[PDB]
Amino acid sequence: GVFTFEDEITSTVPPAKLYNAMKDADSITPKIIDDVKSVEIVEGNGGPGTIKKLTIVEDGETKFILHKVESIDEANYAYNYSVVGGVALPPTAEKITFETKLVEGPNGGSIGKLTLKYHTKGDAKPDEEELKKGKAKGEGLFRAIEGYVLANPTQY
């Protein structure tokens, strides 16, 4: 099954800047998110289809996550990736898709829509704590990208 969740967020950063930073997540995330150590491209050019391997630390243990870039829609300031391997995919989970879309907000900032698409095996539903964790991760990454732009104003 596929279960979809949307959350509306705001930023003081305007959407073209955020969107540009989002596309730079491979370099930004290991700097700001303590546990993310590295991002390696396995196949592809950064565009849709690209497979990436993230190396993280959890509890002093090195772990690996696999991502797939799904779609990048500049017209709607949209950047979509999926978690396709590693700890967030328990056996009844197939894939988790994290979509971010931005529009102009009032006061020269942004309104974002964070979509989480939790793909399960067969008739299973998402575990409640897994969903909570997934939403937190999605919002954390958004706030890492935003944090970077707010701390490095000249760069965007």
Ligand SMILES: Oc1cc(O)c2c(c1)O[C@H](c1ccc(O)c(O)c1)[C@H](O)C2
The other form holds:
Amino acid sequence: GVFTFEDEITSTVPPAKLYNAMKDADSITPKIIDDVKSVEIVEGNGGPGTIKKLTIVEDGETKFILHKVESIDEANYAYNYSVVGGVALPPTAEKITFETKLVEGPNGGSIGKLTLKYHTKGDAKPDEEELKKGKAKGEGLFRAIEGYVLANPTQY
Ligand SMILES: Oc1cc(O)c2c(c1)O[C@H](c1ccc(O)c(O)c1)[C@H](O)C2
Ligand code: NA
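Now that you have shown the form solved without the ligand, what about the form deposited with the ligand bound?
What follows is the whole complex; the chain from before opens it.
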């Protein structure tokens, strides 16, 4: 079954900038996120359908995550990817989809909507700790990309 969750977040960065930085995530994330060591494209050109392998470290052990780029809807400043393999993929889960979309916020900033779609096998439900972990991850990437923009103002 598919279980969807949406959280609303805010940033002081305007959406066009955040969005341009969201597209450079493969370069930005390994710098900022300590556990993330690299992102390699396995198949594709970077657009929808592209498969990426992330190499991370957890407990001094190298582990691998597989991502699939799902859709990149500029008109709605949106960037969507799915975890399709690895330990970021809980044993009882088919797939996890992470969507981020941005609109203008009150004061030149942005309002973000982070969507988590947890695909389970058959009639299983998502494990609550795994959900908590997946939301933290989604928010973490957003705050990485945001952090990089705030710290490197001339680049965006
Ligand atoms: O081991 C991790 C740690 C993380 O903080 C994250 C991991 C894996 O994977 C995701 C992630 C990490 C880097 C990316 O470039 C990306 O698009 C997604 C998550 O959102 C952030
Ligand atoms: Na790193």
